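What follows is one chain in structure tokens, specifically the form deposited in one PDB entry.
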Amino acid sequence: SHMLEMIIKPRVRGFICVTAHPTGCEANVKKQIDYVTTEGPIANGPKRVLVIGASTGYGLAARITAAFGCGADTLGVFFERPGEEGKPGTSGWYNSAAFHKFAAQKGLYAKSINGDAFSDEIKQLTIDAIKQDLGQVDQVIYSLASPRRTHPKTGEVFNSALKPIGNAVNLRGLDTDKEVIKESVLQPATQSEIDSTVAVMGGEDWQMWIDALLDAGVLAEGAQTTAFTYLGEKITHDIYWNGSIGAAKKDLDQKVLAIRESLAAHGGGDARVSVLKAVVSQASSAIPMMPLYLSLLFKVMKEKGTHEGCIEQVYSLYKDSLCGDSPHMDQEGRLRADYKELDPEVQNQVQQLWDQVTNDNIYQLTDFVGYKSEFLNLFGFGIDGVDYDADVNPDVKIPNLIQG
């Protein structure tokens, strides 16, 4: 039995943790659930929810909130690697296995579709699941983060870029492997890289989902859809909001209008771009600026009593703005959950510390310790009450998983 089981430890390759611990991921999911149930139910939420990008990060938190906060049946869509003998699956795989297990315990419906959400086939498999099981869905959460997209009509592979626009930028960062504060210069994106990034992370595919669901008659009256976005502090603007990724996020703002239009005539449904705060995610070491920014932001926010991760953010997004009597709206019609990160005093303190951090004062000036812990937590490592010495079977199976 030892031959099919293994001891799983973190292994980090090229800033990527390439292992995930099944028991730890389960404890992580359970902790997020217990948060939602500890805070209490959310009134007037959707009862039948499709989450696109449902296995990790913000879409996972949306699934947990909808299910265990609003009592929803949830259909999740993601792209994850199952575990096998000697070869741990991805954290999102284990997270969803744990979700299905906890949902079934509470008597809630949980079905998932593993495959490319950008494809027509997966959209068709999703429609079929809704038709067979749910009739219609009341809410569609759009929470994909992807480096690439295969266009479903032309077959063209688009690659997203994380580059400024216009001028090259000098970005201070933290290299999490060598633990050094260091700067690098990123060249500006070509028009082609900008359009490719808009193709991947813009709002076309969100549009195609909502249209396909409508064309099939699977969206309830008064339905609702939201796609997640980030605006960030002024310090992130050159690389994010005003870079190639920001061009994609701005495309979301041009898509959301024809979406709200569609659903508002449809029983007064609604659509909103939802703005969330920066958190540690699987990609956080995409660019070394993110670990440094998060390390600083965590420290400053912890001092103010305002630090949160995915579950806290999305719980109050549902409670205050998606289902709540007083939505927190901006001037563009976006829903905002990110205001504690953007508070002037937080930005100012983050900025003052930014020009002071060196290799020697990282632990005195920042919550790098907290960054590292949350990063390991994502993959099911460093969690309380988990025995990391016990053998585990990496081949964890999921009931009602449609493999696309």
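Residues that one form lacks are left out of the comparison. Residue numbers count along the first chain shown, from 1. Think of the rigid core as the biggest set of C-alphas that the two forms share within 1.5 Å after superposition. Compared with the form deposited in another entry:
Of the residues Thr358, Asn348, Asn44, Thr38, just one CA atom moves 2 angstroms or more between these two forms under rigid-core superposition; it belongs to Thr358. Superposition on the rigid core between these two forms places the CA atom of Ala220 less than 2 Å from its counterpart. Superposed on the core, the two forms barely differ at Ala104: its CA moves less than 2 Å between these two forms. Comparing the forms between these two forms on their rigid core, the Cα displacement of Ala283 reaches 2 Å or more. After superposition on the rigid core, stretches of three or more consecutive residues whose Cα atoms move by at least 2 Å between these two forms are found at 13 to 15, 283 to 285, 358 to 361.
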Given for the second form:
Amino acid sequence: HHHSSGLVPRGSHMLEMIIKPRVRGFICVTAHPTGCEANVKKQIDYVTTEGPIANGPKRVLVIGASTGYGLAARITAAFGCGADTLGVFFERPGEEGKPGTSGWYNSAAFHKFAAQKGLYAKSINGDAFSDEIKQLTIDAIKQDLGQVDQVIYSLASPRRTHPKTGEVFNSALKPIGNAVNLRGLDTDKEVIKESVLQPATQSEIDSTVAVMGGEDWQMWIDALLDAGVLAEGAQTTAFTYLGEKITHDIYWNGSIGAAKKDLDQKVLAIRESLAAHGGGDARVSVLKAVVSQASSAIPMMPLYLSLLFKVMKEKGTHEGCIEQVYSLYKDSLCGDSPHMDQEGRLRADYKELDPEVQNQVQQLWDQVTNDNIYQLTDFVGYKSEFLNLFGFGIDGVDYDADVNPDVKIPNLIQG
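Mind giving me the form deposited in another entry, seeing as the form deposited in one PDB entry was just shown?
If you are looking for partners or other molecules, they are not here, because only the chain is given.
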């Protein structure tokens, strides 16, 4: 109520908003619909430019399909191999005044671009750990695809409700046995922060294994096999990180490492199931460390990535999820000469474990306490890539323009 109220239409701005990055620590509380879309398009265009991958899968299930590596796998299979893709993930839909999560807008863009190219895209939203979500997936496959011939397992989560019992598990990102003296980077005030990380409890370890270990992976493959929706000679892979010595205390030989090690045991039994069903296979694939919501939470990773980026960038070998995964498919999942390590894993992360890269990063580490961080590291690149995840800092996007946060996805089963 003012002297001139109602004399004029309010317009669409009443339903739309200006979305700017709002970052705390390694969590960003907003996501930009238009920027997320441009992101997906960027990855699709990368794949389309590299060109088709021969001997690829045709009907693919991606578990964890909305962001990071799982998204890159979905895009590689669909736009690199022409595959049908059923995506599973867990994201918050946008509504008026309330932007959804990145994975939601990424996936909306996926369905949009896939339809444009005449590709099958359907998605299931909910708790991949649950029996309920497993059954919905099986149902979609039965109805639409008959069977899938590749299953990509790509979940990153802080917790898991056990499907059969009700117990919930929280993962811990902590060292093991010996407490670690942690260097690192306060990304807020942008200063070097020295910290002491206590090791983890036995239970803290058994939980982290429960969440990020390979039990659910095996549950998925088992579920698919007796509903009869896994094609003979199918292929499944689950993603992991090994890193080299500098990350070893916190990651490989830490709580999370313990879980990733469980992956290595479970894969043997899973591989057994598949070889019996028409000579399929199962592998753990190792990928390079990248900026993601998941990895950016790991103690040491922001500074490690900041240094890794600096060094790989000058060698000319820096890359992200889509490059990593396109080459995993081209060279390893579908190639004639696959890169197989001693434990029988597939490898895409070698450019990172390059001794020249690692030695450089290591002597830069202790040397860090700079508060002249911008000289020795690519902390700028890190920040830039972190914002990118949520659709910010993309060229060609007008961030000052109103955008509607209410974006819907067709063929999206809400579980």
